[PDB]
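Peer 1: Input sequences plus hints: build the corresponding full structure.
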Amino acid sequence: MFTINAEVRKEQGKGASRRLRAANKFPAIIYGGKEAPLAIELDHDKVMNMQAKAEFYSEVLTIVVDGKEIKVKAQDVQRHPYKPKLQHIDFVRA
Amino acid sequence: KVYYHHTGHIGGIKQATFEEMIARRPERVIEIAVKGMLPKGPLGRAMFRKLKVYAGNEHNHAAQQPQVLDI
Amino acid sequence: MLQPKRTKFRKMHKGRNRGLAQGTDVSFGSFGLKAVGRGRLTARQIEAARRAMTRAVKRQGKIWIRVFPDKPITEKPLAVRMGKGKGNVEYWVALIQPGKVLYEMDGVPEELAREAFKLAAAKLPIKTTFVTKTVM
Amino acid sequence: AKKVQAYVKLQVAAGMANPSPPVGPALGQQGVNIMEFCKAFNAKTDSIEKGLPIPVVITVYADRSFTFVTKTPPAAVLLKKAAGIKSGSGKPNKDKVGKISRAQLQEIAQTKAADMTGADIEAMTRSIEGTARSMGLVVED
Amino acid sequence: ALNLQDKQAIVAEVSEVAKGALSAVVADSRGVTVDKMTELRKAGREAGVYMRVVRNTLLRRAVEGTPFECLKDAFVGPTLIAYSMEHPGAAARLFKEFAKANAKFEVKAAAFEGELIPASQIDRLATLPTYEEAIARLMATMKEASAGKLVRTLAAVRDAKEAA
Amino acid sequence: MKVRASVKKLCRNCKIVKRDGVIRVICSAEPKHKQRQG
Amino acid sequence: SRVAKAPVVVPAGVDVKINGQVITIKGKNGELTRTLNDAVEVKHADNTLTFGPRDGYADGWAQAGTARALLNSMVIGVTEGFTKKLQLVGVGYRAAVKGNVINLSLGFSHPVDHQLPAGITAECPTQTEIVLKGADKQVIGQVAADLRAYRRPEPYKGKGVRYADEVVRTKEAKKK
RNA sequence: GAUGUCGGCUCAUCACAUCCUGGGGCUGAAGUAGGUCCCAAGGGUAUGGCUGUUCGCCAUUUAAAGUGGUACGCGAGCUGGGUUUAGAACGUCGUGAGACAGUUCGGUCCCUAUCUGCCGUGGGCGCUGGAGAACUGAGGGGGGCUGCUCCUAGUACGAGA
RNA sequence: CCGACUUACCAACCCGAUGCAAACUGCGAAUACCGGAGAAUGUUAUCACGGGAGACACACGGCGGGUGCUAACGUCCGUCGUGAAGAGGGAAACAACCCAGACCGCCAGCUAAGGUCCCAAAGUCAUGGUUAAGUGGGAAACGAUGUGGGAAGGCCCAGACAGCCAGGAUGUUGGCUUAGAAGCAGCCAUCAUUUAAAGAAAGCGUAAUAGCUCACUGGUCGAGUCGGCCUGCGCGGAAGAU
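Protein chains in written order, with the entry's author numbering: chain BX, 1 to 94; chain BL, 72 to 142; chain BO, 1 to 136; chain BK, 1 to 141; chain BJ, 1 to 164; chain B7, 1 to 38; chain BH, 1 to 176.
Hints were generated in silico from the structure; no laboratory data involved.
Even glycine gets a Cβ: it sits at the ideal position worked out from N, Cα and C.
Hints may contain errors.
The calculated label-pair distances, taken between Cβ atoms and stated as ranges, are [claimed, not checked]: (1) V80 (chain BO) to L114 (chain BL): 23 to 33 Å; (2) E80 (chain BH) to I84 (chain BL): 23 to 33 Å; (3) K18 (chain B7) to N19 (chain BH): 31 to 41 Å; (4) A29 (chain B7) to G65 (chain BH): 21 to 31 Å; (5) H44 (chain BH) to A29 (chain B7): 20 to 30 Å; (6) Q60 (chain BO) to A145 (chain BH): 17 to 27 Å; (7) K18 (chain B7) to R21 (chain BX): 32 to 42 Å; (8) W61 (chain BH) to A43 (chain BK): 52 to 62 Å; (9) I23 (chain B7) to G65 (chain BH): 20 to 30 Å; (10) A94 (chain BL) to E31 (chain BH): 27 to 37 Å; (11) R36 (chain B7) to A145 (chain BH): 15 to 25 Å; (12) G20 (chain BJ) to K81 (chain BK): 36 to 46 Å.
Okay, derived cross-link-like pairs now, DSSO-like style, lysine-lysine, Cα gap no bigger than 30 Å in a straight line [to be verified]: (13) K2 (chain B7) to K176 (chain BH); (14) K159 (chain BH) to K15 (chain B7); (15) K9 (chain BK) to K84 (chain BH); (16) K68 (chain BX) to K10 (chain BX); (17) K26 (chain BH) to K2 (chain BK); (18) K2 (chain BK) to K133 (chain BH); (19) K25 (chain BX) to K53 (chain BX); (20) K58 (chain BO) to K15 (chain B7); (21) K71 (chain BK) to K15 (chain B7); (22) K44 (chain BK) to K18 (chain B7).
Peer 2: Quick look at the structure:
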């Protein structure tokens, strides 16, 4: 159970996602149903070491973006092919 | 860069040391700093022959009193 | 060597890649050893690494193995001129790809599994990373 | 290096401190003679029992002087005495070569109270309980 | 705390007893040389007196954040604290038992129920009191020192060996 | 001493010190664990 | 360094002269008793020394701890006098002082010609004990370093010259 | 349209991961000694025999008998010994011609140096009028190795030798 | 006599979870391709038949695979820049690399790859971080408290962190064993005690005993520190023939 941040974003392609990783930010997405999710940017490290324990994934999260708060828990994770740091993460609403 | 040369040895090669240069008048340290800054063979020699340095702060080879200069 | 009985066929093409040929994430446990580089293992190195982990952990925790030797590799010895056919089958090779996790654990405490992987990384040809999973 | 470390162990009788092999080799090396030790130890050991070993704990300076603290008879000798043994089991808690009463154990506790630090007359007893357990003596009522 | 609890634990531990304590004594002997250290532990369980060794930093933070017994600068450099919560006379008795193997000039000063008791006065306090003979001496000190003779009204148990 | 590279410790503490540009390992009370390289 | 961010107290009559990256300490000195620090500015006042910023070497606080150790050492130096106890382990080696010379040997008739400046003096109570006398902390240990540079303390019986931090284990003959 | 070999003799040369003295850590090194062991190009670094010989086998000197490279150093150095060198023919094999790195008998190896280097040597010119005489050191190499015993020293240490 | 109560263990088909494949397939791009119809451009790239071939012997390198060790200035095939079949700029230079395509003239300007202290044409640039090693400007395994920044985090002025000092304790030289047998030669006790602090001890060490490092306590002591992980700089690892 942690207090994390987001700015709202949507991208397409390798080049864009790499332009986030150029300044030590990366993307994420918020699903539920079968609809258009809430697409966000995250920080590399504000979600890796808070993630070094199972409480990130078992318990719900205060994620703040432009006065919106929605509640979410982590799902399966995408990792770099040369670093343990987070390339892309999934979330479900909780 | 301790400037090895052929001069005849056995077992190794004989050399000049960086260390020799200071003991046998102060010039040689200053001297292979400006030498190495000039071109090729012949031009680097035509340039070179215009430098004098000697023992330094004590040398008679200054009696002219030239144009004074700070750089 | 900790190698398979028969995969595919007995004599096979070497297996080059321009990027990823599978394996890049954690798949079991709460922690493991990630490669973060690429290259070959003759199965002898996998064994050597397994011994190191079994000498540190003992009975506390079971080991899940996340790699195996896939492709048989021929040698044509350094005693005869190259250009004419394909050599005897010599070793089975595991292809490690970039960020391929090799071994995972959960039974034993985190610091025993992490230390056990540092010993195992000296038996390996690259510099590696301890990788944490926690559940997924 | 300087010999400025840790309470050094010896446990010796008054007449068992004149030769070297019963004592171990170490005093010789730390600048203390077997003769000077022997004279200094009898001063506080023959005030009491001398036919059995009195525990002594030593500090040594970088100038080859010594200090030694000499005590009453060890609880460990008394537990041998009171139990009718001279030898223990060599595998305690798994083989038991005699027994000791608790009410007797407290009189042993009290004899070692000249140097014991325990806050109750039981606390002293509970320390020599594991001394009895080490020597193969069962602690029972 | 989760690296070392031992150092965080000791600040609460002086502060609890030293608010608590009818006499305490702040003295210098340093947290080395086991022989004197053992003997002040040893006799301390006999007389009913507890002893802690504590930095002057810990001691100044225990007076800053929490009430103390009025020895707010009587600690200097490496400092030990012996204290009694129930029997004030034992507190002074323990140094007279402990000088028989080291020294008595180790006390800088003492406190008794809020009053400063100096290092010359404690040698009088220490002469085999039970709690009532300590209390009695503190009233005999004040009565003398206060110039009015309304301050004296009982000696028949208040200045005896009887309850005081 | 020997040409042993890497400056991992040999006892529970060593003085770990970079002398003339090579890091030597050595103990605080012993000359045995002096190694020329690291 | 924690300790360059707290001042260091100086007694009466101790003159601590600030004129540059050299600071020079007098009181009742045998010699030139002095301190080198660069990365800090030390003002004297006259009762307490005050530590603040100046320029120096690229390592973090490179001289500011240095100034703390060295100032206090030299100040204790001129007042009471610094430590003096030098010694050697073993017999059959000499430790005989003659003037400003210390006669020591490996086994040989001739001296090893170990010599001291004007600034310091010695005498020896016994043929293993050396007393060096002075007021600057550095120089007394520089002749000690030279005395250990012909025979050292090395672990086989422990025999050698001993001074400051010691690096020897005092082993014996083998028996298995 | 030639970067061409073994073996012997001569003549070298450089890399130090030094055969050795020399300064020095360690040691399960007491000391002596050795193992472990780093700096070091400075210097001495052995020879006769049989055999075409590497490698071999053997006697030996000196305190001593090192490693590596060099068109597997050096036929625009030497001999031309070696492989059937080209030749029988023994041994061997095929019907034979012909072959064989098993073999025995003696047996064709070139260049006077263009430029280049290396060492010795003269002519001519700047040396500030000319002449003759001593001469400073900008510069650069050579001795450089290594046993014996007297003293050092029967001494520290070790159980004692 | 026939028959049988009776799994304690191994390691499979299988089963779940987990890993994988030119010659395996439940699933499957990007791009390439054609002809029409359209923009643009190419002094025909392509078509018939008649005259002349040459090349088929390619090479350091991009994209990718086989052969090879994911060795090699390696070898070959579909594909391509440059040389072949083209001057110039840059690289200590070159057959082949990178920019680039030599009409010819121009004491002209600009920009590329590559450069800017002198050599040598242009920045000892303005501002900040770090290495003590000519690393930079020579490579991997590999290790560590060599040095700094960063977010998350433990510790964190209530005293850290690391070391140096000093302590390493009460019963206790516990029992056996034994030159003695002590936390550390071996093995069993594996605890208790006053405590602020001291494991009947993590590591070394005449193997012990000794000597020694160790948290923790108290001095030095009052502010950063260290573990994971991203990152610039360092170290030894990194010894051969003018």
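Peer 1: Between the alpha carbons of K26 (chain BH) and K2 (chain BK), is the straight-line distance 30 Å or under?
Peer 2: Since the Cα atoms of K26 (chain BH) and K2 (chain BK) sit roughly 34 Å apart, the hinted pair is violated (cutoff 30 Å).
Peer 1: Do the alpha carbons of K58 (chain BO) and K15 (chain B7) lie within 30 Å of each other, as the hint requires?
Peer 2: violated, 34 Å
Peer 1: Is the distance from the Cβ of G20 (chain BJ) to the Cβ of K81 (chain BK) consistent with 36 to 46 Å?
Peer 2: 45 Å Cβ-Cβ, so the 36 to 46 Å window holds.
Peer 1: Are the Cα positions of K159 (chain BH) and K15 (chain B7) separated by 30 Å at most?
Peer 2: holds, 24 Å
Peer 1: Against the 30 Å threshold, does the CA-CA distance of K71 (chain BK) and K15 (chain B7) hold or violate the hint?
Peer 2: Not satisfied, since the Cα-Cα distance of roughly 41 Å exceeds 30 Å.
Peer 1: Just to be sure I understand the hint, the distance between the Cβ atoms of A29 (chain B7) and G65 (chain BH) should be within 21 to 31 Å; is that true here?
Peer 2: holds, 24 Å
Peer 1: Quick check on a hinted range of 20 to 30 Å for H44 (chain BH) and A29 (chain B7), using CB atoms only.
Peer 2: violated, 40 Å
Peer 1: Hey, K25 (chain BX) versus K53 (chain BX), does the alpha-carbon distance stay inside 30 Å?
Peer 2: holds, 21 Å
Peer 1: Is the Cα-Cα distance between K2 (chain BK) and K133 (chain BH) 30 Å or less?
Peer 2: Holds - the C-alpha atoms of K133 (chain BH) and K2 (chain BK) are around 23 Å apart, at most 30 Å.
Peer 1: Does the alpha-carbon distance linking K9 (chain BK) and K84 (chain BH) stay inside the 30 Å limit?
Peer 2: Status violated; Cα separation ~33 Å.
Peer 1: Can you confirm whether the C-alpha distance between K68 (chain BX) and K10 (chain BX) stays at or below 30 Å?
Peer 2: holds, 17 Å
Peer 1: With a cut-off of 30 Å on the C-alpha distance, tell me whether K44 (chain BK) and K18 (chain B7) pass.
Peer 2: Between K44 (chain BK) and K18 (chain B7) the Cα gap is close to 54 Å, so the pair fails against 30 Å, i.e. violated.
Of the numbered hints stated above, those contradicted by the structure are hints 1, 2, 5, 6, 15, 17, 20, 21 and 22, listed in ascending order.
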